[PDB]
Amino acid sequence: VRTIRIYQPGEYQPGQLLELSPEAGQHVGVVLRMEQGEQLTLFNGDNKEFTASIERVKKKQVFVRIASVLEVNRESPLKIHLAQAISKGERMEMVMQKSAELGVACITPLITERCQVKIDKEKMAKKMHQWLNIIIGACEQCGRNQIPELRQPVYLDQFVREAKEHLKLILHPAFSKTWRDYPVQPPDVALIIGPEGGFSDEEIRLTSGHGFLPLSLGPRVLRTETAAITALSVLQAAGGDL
């Protein structure tokens, strides 16, 4: 039967009593209605799985005893840094969930010329929190024991100037280049996915001038969220662990 996986950051060790975070204790004690003696698999984000037993439960307050730890790595050797354009109507929540399932290593929300997002500092902080919770849930579900880094949103110019990945790709139709044209292999790859409206000529000159090379994915127009799934699948199959 399926074990219960719970993300719980910290430096706890076998033998210790641990009080779960309010988020973990809400999940375990309130949502799942778990009781004394039941087993959990905690992971702290460092590719470790901790087997733990529930010692005491009071609503969201859950204390557990750490029994043992095992190194368990389900990360791809190809570390993909996805820069995903934020635009109104495009399903960023799906990208966050599925990119985590597909092993993405780092996610940067991206603001480009043709994105339609209206900037609000308070709205963005709430979205960033919701997206991080979605990523965490996806890691609980899919078995990843490291959480992808979710970086603060940046504009395209900052992203391309600062990218240090060894291969740098952008979903774009120029020259009809495919996976056959690239050596996709570890250590890493940066991937820019733009909004439905694409990139301006000036943005294309900027990305090309910083070493981003275009990647097409077939003759059919993919929704922004489908493009993320498809691009990560293709990259992981080509040079990662699919």
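Each form is matched to the other, and the largest set of C-alpha atoms that superpose within 1.5 Å is called the rigid core. Numbering follows the first chain given and starts at 1. First, how it differs from the form deposited in another entry.
The residue that stands out in 146, 97, 87, 133 is 87, the single one whose Cα moves by 2 angstroms or more between these two forms on a rigid core fit.
In a rigid-core overlay of the protein, residue 218 has its C-alpha displaced by under 2 Å between these two forms. Relative to the superposed rigid core, residue 22 undergoes a CA displacement smaller than 2 Å between these two forms.
Instead of the form deposited in one PDB entry shown above, give the structure for the form deposited in another entry, please.
If you are looking for partners or other molecules, they are not here, because only the chain is given.
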């Protein structure tokens, strides 16, 4: 059995008793049901890991004894900024979880013409909150000791205007080329993946106007959430740490 990893930002040092955050301590003592003397690895989002053991469980609060600090970085050298068309429900959560597993540096939810979602300020905020916790959960899972940035949703126009990454790719069949036709390598990539219905010709004219080049992923139509993970897999395997 592997050791449990818990996100706990902030600075602290070995030998120090730490009171776990509300969510951290509620994860450990309540959800995981762990007891005094059990072991834990904490990470702070800054690429450090802290070995620890549970000493006192008082209600939902959890106190942990730090054993040692170690600098452990599992980031890819290829920084990909995913711009993912918003899908309803579980598929978007799937993308949030697995794109973090695949080293994604930064995620922008994208509102595009053929997205089928209701854009409510209250609703969007809840989604953003839920998405960030899924990301942190995936980072506890996969070993990343730095949380990827989850940026506020923007329309296609804004994102394509502000995009400054050195390689800029959109998943779209027309005039597309495979990963071998592009210079996939650090520093960074902007990657647009669209909604189930795809993109309008006007949207392609706008993205193509701002330097986004068309990338294919084989002759089979991939689902929207499949396409994110496949695209990240292929780009990391080409010019990252896969």
